Amino acid sequence: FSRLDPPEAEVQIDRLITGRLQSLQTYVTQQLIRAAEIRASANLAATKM
Amino acid sequence: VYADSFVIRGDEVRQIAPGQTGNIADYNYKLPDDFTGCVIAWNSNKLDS
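Protein chains in written order, with PDB author numbering: chain C, 976 to 1024; chain B, 392 to 440.
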């Protein structure tokens, strides 16, 4: 926002908004799969106990 | 539609664009960041000078 002229800068920061959004989307997706294999083992512990 | 009209120096004809600072757009006539519409610039050394 300091060096770039304002309309072009908006273009260059579109990389950072969707770059971090892809990083949260990837991180959340791994937790969704990883919570499935824990609930498959939480239901195995609740069955054993 | 909302028109405008003024005469400036030829050095600062590119200073008018949105988001450009200087002295003409800092003291006399500024355009918004979200400016929709455009300008028609042409040399007038024959008439105004």
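Hints are computed from structural coordinates only; laboratory data are not their basis. Fair warning: there could be bad hints in the mix.
Ranges between beta-carbon positions, derived for each pair [as the list claims (entries may be wrong)]:
1. C/1005 / B/408: 43 to 51 Å
2. B/408 / C/1012: 50 to 58 Å
3. B/409 / C/1005: 38 to 46 Å
4. B/424 / C/1016: 53 to 61 Å
5. B/408 / C/991: 49 to 57 Å
6. B/411 / C/996: 45 to 53 Å
7. B/394 / C/1006: 34 to 42 Å
8. B/422 / C/996: 14 to 22 Å
9. C/989 / B/422: 52 to 60 Å
10. B/440 / C/981: 46 to 54 Å
11. B/428 / C/988: 20 to 28 Å
12. B/409 / C/997: 48 to 56 Å
We treat Cβ as the ideally placed atom computed from N, Cα and C, and that holds for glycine.
Against the structure, the hints:
no.	hint	in the structure
1	C/1005 / B/408: 43 to 51 Å	45 Å, holds
2	B/408 / C/1012: 50 to 58 Å	56 Å, holds
3	B/409 / C/1005: 38 to 46 Å	42 Å, holds
4	B/424 / C/1016: 53 to 61 Å	54 Å, holds
5	B/408 / C/991: 49 to 57 Å	24 Å, violated
6	B/411 / C/996: 45 to 53 Å	30 Å, violated
7	B/394 / C/1006: 34 to 42 Å	57 Å, violated
8	B/422 / C/996: 14 to 22 Å	32 Å, violated
9	C/989 / B/422: 52 to 60 Å	23 Å, violated
10	B/440 / C/981: 46 to 54 Å	33 Å, violated
11	B/428 / C/988: 20 to 28 Å	25 Å, holds
12	B/409 / C/997: 48 to 56 Å	30 Å, violated
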